[PDB]
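Taking the form deposited in one PDB entry, here's one chain by itself in C-alpha cells.
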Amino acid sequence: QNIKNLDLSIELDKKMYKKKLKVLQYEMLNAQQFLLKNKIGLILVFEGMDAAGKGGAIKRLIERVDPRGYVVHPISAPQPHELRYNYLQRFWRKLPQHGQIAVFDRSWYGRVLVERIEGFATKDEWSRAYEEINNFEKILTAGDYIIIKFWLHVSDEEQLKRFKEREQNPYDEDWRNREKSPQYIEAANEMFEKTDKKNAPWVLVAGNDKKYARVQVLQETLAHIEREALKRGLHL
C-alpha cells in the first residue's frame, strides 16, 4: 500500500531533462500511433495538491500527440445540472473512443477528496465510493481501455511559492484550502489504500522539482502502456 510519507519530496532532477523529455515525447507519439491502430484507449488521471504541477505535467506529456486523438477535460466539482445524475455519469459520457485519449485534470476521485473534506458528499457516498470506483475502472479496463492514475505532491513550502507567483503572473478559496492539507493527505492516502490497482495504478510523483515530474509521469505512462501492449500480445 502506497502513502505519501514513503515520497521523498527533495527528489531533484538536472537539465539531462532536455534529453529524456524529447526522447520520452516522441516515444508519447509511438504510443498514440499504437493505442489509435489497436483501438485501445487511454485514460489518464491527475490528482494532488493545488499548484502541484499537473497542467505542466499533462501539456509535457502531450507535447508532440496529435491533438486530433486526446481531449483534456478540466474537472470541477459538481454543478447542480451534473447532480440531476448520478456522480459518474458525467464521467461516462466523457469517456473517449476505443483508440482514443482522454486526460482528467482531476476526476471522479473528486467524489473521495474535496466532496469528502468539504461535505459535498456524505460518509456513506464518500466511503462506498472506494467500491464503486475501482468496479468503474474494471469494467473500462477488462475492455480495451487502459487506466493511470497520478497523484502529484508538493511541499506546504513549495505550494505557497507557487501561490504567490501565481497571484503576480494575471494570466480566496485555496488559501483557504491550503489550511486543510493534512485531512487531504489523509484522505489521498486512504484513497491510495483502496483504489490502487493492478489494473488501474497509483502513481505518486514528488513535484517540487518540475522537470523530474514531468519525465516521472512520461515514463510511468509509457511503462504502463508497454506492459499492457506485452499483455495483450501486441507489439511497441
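Between two forms, the rigid core is defined as the largest C-alpha subset superposing within 1.5 Å. Numbering follows the first chain given and starts at 1. First, how it differs from the form deposited in another entry.
Core-superposed comparison between the two forms: the Cα of residue 9 travels 2 Å or more.
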Contents of the next structure:
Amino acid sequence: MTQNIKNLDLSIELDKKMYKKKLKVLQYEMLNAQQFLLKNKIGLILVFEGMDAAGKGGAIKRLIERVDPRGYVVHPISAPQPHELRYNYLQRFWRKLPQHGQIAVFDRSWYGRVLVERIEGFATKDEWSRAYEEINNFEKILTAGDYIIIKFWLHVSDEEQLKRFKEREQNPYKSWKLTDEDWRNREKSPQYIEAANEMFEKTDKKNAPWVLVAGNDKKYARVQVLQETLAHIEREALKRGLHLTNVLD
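The form deposited in another entry is what I want next, because the block you gave corresponds to the form deposited in one PDB entry; please supply it.
Coming up is the bare chain, nothing alongside it.
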C-alpha cells in the first residue's frame, strides 16, 4: 500500500526540522527548473489525480510555492459546463495548454473521462473505452514536440481519507465545502480504484509516465512529488541534448 510506494525510496523519513530543510532545497531546485524550461522554451504539463482528500491541493501548493507566478497556471478542474459540452471532451483542455516554456498544472484533468465519467455513466462504454488511446495519442503529439508531461496519482487509504473528512468537517475554512454527496461518494471507492488501475495499465507511457504517490503522509507526498518532477525534467532534458544546470545564482 503506502508502505510499498515508500519502499521504492531507500531514503529515510525525516523529523520536522529536517523535512523543512529538504523541502526548501527541492523548492529552490523547482524554481531553477522552471527558469531552465523557460530559457529553453520547453513546456511542462503536470497532471494530478486521486480521490477527494488524497492531498492533490497541498502537494501542488508546495510544488509551485517558490516558482515565479508569471510562469505557471494551476487549473482546478471540475465537471464540464454546458458551453464546454458543445465541443469534444478534450477541447476544454486544449484551450488550457501552456505555451512553450510555461507550466500548466491540472488538479484533475482529461483523465476524468476514464474515472468519474466512467464510474457515474456520464461517458458511454464506447467513450471511456476508446479514451485510453485517444489520451495517449494526444499526450504523444505534445511530448514528441516541446512539452514534458508527468502524471501523479495520490493514493490514500479509506481510513486516512475518513480522518481527513472529519478534520475538514471541523475546519472553519473547509466545512462549508464538504457535503452529504461527498460522504456518499466514499461508497464508490472500489469502482474508482478499479478504474484507476485500468487507467495505469493503459496510459503509463515512457514519455508521459504515471507516478504513484504514497499520500497517507502529506509531508512525504509533497517531497516525493517534488523529487519525481525534478527527476523526470532532468531525464527529458538529457533526451533532448540539454543538461539542467543552475541558472539562478
